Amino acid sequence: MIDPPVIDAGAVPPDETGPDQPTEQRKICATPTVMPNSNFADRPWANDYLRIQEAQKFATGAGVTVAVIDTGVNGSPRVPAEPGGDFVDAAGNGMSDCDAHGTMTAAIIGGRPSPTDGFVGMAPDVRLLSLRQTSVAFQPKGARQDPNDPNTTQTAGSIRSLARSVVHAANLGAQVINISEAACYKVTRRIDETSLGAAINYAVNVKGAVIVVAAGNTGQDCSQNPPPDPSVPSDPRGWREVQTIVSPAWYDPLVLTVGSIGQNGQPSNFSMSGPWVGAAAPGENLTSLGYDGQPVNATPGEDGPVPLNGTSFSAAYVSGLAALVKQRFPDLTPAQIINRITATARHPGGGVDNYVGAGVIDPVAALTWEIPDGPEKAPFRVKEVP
């Protein structure tokens, strides 16, 4: 079990780039690929599902800057990212993607169209800023000073560098910030996250940025959380059932945490569940753009090419939508942009659940429905509810 996280607003980390601890290379740099028999002349399924073409009659993200906090971006005329800094390599600027990931995240958000294929990003007129904050190819190097202190873990190092990257992105003038990192740890292992909570509050409440985060993918580090227990109706999102903390996912609703759905509209088996999930978006068998800005829908795997899957990509669609909303309704605050996205979503049974949150985004609805704006900043308490 675990309580929602506390925000210590005065723990804002310094605006400085660079890794938490010195890094070295562990894997060869990776390159995206294609699935056999692909026809990129067709619109990708997510584009049809989300009615992107219709949505773009109302907004393109012109005038909006989106920060992509991910594995870096190998830029191109169709994915024209600008350097936002490097938090993995001491010498770097965010414009090198050695993981075949951040580039495709950015293209989902803002990839330009082409006369020769059917791919376009959600918001093809946005300015993109790339901050490399995570990597599997490059890993913290030497032996851990104290192998028991939870704050000397790679997860904790990643959390502390993320905090800095958020302050940096906000100070760079990002209006939307997409975060691919989903740092996972056991409820028993407490990490000092106070700088991350402070950086988020700073970026959202002081600098006015919408922050969209991945729900996380199950794997070695992230064990799936159990569903809420029906027996306890005083804990209907199952906070008392949580075995894996996922951060920054758990700062919902200050951030918007995005899970993944498949082609059939159902939650993906790999999407991390929890009481903090807020929305969902396509995250399976996707198409995106590669290092030359050409279409690609796979990365290499041991038994051949693996389709583009994951919650970072679902988050990218929602970041793209936030940029559309920001252009169309430029007076809305981050809280009000998030409210508009979640209110117009396709709600699941029970209104909200631990897999899709408030449901699958609906861009046309987000851009056209007339609804109450709601509070300018996320409401809070300074005293705990009994």
Given for the second form:
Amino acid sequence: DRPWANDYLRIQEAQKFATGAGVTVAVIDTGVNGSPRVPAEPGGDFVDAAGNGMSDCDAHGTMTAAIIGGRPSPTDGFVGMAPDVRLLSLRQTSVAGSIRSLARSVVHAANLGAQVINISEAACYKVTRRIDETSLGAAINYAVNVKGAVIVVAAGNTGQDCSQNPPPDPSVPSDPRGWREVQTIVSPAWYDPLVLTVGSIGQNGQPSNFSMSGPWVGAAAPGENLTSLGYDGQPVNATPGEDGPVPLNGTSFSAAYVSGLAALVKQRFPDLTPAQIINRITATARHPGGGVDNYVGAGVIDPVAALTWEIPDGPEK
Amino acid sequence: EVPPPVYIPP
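Structure of the form solved in complex with the partner chain, please, following the form deposited without the partner chain?
Shown next: the complete complex, the earlier chain at its head.
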């Protein structure tokens, strides 16, 4: 039976309207150990010049790919958001700078014909620090405005390298997204709305405590206690840890659900631009108070609404 | 390389 996210997002209902067939999704992550249920294809390794993206030594990319496009099975209730997509694996990050490799891999995924690009990477900077990523900005522009790729990126997780942003100050009408309060810049997160940046929520529909907040958060999706597929294409729900099993949590998995939705929206409305797919996803999200905020952006995605609601098309750009 | 992900039965 179903992973809580599958039920929460009404994935089976959504898949009555599209499955992602004809769409290619690139997974810019730690690589993928492929399998019949996670049939990723080599999209390049940008960490090690040898290797091709089809090796996951971090128990991560494999699960990201499965959330987006893991095929169903008659013997368990797991299926990805869009089980009919082509999956390309670009290994761009690995624990077992990277902003330079990110620009390259974004261009490369676009050049491979990816129409949806999922980026797990979330680099954090002090707000005071001088940030130079002209070529990343150029890469994203190319991929989106020239190649017509929808790009979905992780909000980022709080941690050692990455401190939480305070909420906007309600007493400054002209800073509704709290730019003046930002302490940590997340990238490529801060490219939203050009890309779509995705925060994490728990089973209670509330923002995950580890989810990075900011003026750039565009949407949200399940990112806690998740189920996905492992190195064999079989259900997995934890990684082994020092004091026990660690559940599958991360804004990159949240991003992965949204990339999946984007591929569904793409199959169903093949003439929408990236900006229009993005708009369709955010316009049909369950909005927070105020309609937008720093934690969930436009709110938690709603795949069925995204696929079936009639909404004015936004600008094409 | 980290150990593979696993499945914990409910």
